[PDB]
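Form deposited without the named molecule, single chain, as structure tokens, below.
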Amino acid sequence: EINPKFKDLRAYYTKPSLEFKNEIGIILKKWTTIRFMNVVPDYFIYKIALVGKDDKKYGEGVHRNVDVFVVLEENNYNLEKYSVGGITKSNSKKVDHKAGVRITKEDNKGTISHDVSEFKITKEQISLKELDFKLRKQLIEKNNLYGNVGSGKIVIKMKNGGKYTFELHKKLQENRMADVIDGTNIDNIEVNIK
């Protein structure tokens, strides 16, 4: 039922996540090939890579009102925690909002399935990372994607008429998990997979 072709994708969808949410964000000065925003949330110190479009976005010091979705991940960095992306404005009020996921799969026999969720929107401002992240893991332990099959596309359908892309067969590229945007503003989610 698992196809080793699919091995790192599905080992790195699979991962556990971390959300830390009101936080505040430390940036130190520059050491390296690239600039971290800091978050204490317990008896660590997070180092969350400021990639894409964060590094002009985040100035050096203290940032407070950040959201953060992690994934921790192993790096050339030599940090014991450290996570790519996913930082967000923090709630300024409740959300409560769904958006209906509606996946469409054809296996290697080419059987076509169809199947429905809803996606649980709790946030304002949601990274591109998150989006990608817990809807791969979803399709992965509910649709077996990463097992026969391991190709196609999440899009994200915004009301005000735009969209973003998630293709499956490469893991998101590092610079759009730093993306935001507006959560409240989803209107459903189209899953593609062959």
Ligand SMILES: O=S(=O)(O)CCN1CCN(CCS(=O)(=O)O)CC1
Given for the second form:
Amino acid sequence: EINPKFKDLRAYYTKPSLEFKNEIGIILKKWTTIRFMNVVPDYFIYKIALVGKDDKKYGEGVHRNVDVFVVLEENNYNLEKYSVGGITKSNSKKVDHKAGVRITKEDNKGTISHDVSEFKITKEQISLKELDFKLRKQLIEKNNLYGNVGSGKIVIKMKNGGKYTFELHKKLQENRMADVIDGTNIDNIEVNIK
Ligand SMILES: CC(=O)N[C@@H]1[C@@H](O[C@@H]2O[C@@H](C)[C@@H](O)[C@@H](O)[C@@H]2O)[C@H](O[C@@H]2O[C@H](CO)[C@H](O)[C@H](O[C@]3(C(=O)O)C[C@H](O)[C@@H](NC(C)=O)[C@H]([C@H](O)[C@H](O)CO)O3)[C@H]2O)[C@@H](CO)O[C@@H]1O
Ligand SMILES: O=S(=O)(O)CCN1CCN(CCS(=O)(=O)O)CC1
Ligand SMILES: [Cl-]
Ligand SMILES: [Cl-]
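Structure of the form deposited with the named molecule bound (previous: the form deposited without the named molecule):
To see the whole picture, the full complex is given below, headed by that same chain.
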């Protein structure tokens, strides 16, 4: 029912997450190996690692109209509240979009399940981090991802034919946690677990 071969992935993708909307980001002078966006939604300062394309995108100073999708992590910088990527532009208008999910699953025994789902997007711009994190956590919850089976792929398919693939046998590559896409152009989501 739960295989220890996948324990790290199942623990990573069942971690709680936090969403910060219509917020402000402060980036200061580089002090270590990378640069951080500081966000202060409550009594804490959160350090959001500027990885991948976020490094060039954000100069030092103040950035308004910022959403962040947060998954707090251990780290080697001695930081209490740290997460990687998931910074996006705050909605410029109402967003309430759902995309169809089709899920196919094959265990080691040959049993082939077929689920469907609907995925609610409430952001005009959304990080792959958020999509990857929320879709995996769901698959674990409802389809036993990282229980009996722990590989395969998620494919996000777009109105224009483009796509974004998450391979299920490892974490999303950290650089990709900074990648962002138009939520309301997500057409459907194809999950294949094998
Ligand atoms: C070492 C490392 O972390 N390197 C990553 C790249 O990932 C490695 O190379 C891959 C080819 C694969 O072996 C993977 O296991 C390695 O970790 C990474 O390259 C992306 O990897 C993912 C799979 O993890 C996809 O294969 C992706 O291709 C696509 C996609 O399907 O998602 C193709 C697609 O056409 C394209 N979409 C559009 C609209 O242009 C997307 C899109 O560029 C990305 O999804 C954006 O995140 O890519 C491989 O590109 C690479 C991607 O940025 O980053 C590190 O270099
Ligand atoms: O489980 S998680 O690690 O994801 C949640 C961590 N978390 C988010 C909300 N706060 C501060 C609230 S406040 O006191 O500053 O208002 C601490 C508890
Ligand atoms: Cl961790
Ligand atoms: Cl797009």
